[PDB]
Amino acid sequence: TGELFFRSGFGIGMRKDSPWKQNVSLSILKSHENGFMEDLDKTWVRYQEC
Amino acid sequence: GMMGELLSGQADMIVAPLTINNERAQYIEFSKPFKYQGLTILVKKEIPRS
Amino acid sequence: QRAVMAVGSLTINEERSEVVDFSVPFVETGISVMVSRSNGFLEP
Ligand SMILES: *[C@@H]1O[C@H](CO)[C@@H](O)[C@H](O)[C@H]1NC(C)=O
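Chains as they are written, first to last, in UniProt numbering: chain B, 749 to 798; chain Z, 500 to 549; chain F, 503 to 542, 549 to 552.
Simulated from the structure, these hints should not be mistaken for laboratory data.
By construction, the Cβ of each residue, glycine as well, lies at the ideal position given by its N, Cα and C atoms.
A couple of the hints might just be wrong.
Unchecked claim - For each label pair, taking beta carbons as the anchor points, the in silico distance ranges come out as:
1. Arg539/F to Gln770/B: 52 to 60 Å
2. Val529/F to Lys790/B: 21 to 29 Å
3. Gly508/Z to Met785/B: 29 to 37 Å
4. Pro516/Z to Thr749/B: 34 to 42 Å
5. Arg794/B to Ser534/F: 29 to 37 Å
6. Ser507/Z to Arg518/F: 30 to 38 Å
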């Protein structure tokens, strides 16, 4: 029940000196824009309904 | 917990559901969120019979 | 270098990810389709 409030996303915990910031952000954005995220959502979170 | 383990140097990258917060970001930088979901209320529903 | 900050309805994209840098987004959005709504025995 209820409605969405204090909406916020997820994240990846990395140290501030890690040089993998852009190399991971670009890959995440590419996966998001190539439809991998929606496919994973369909194949892992929408098994059955009521 | 996990944040302290990451700060201690035991772990370098975290792939787990972690909500981005200001206090967490003040010490550990995050990346772009995978998906945008807030917090709701879960209550068990009853079945009216008679 | 005509402006150090840009504020507006700029959608985050892969092409702009490496050319410029952006902070954490505050309002989420995306691709959507707009279409006009169509109109529409004790069995159930
Ligand atoms: C990140 O990507 C760039 C270009 O895609 C590459 O030159 C660089 O080596 C990458 N970083 C690492 C740590 O491999």
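The hints, checked one at a time:
no. : hint                             : result
1   : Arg539/F to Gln770/B: 52 to 60 Å : violated, 44 Å
2   : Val529/F to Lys790/B: 21 to 29 Å : holds, 25 Å
3   : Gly508/Z to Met785/B: 29 to 37 Å : holds, 31 Å
4   : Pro516/Z to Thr749/B: 34 to 42 Å : violated, 22 Å
5   : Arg794/B to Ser534/F: 29 to 37 Å : violated, 19 Å
6   : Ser507/Z to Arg518/F: 30 to 38 Å : holds, 36 Å
Checked against the numbered hints above, the structure breaks hints 1, 4 and 5 and satisfies the rest.
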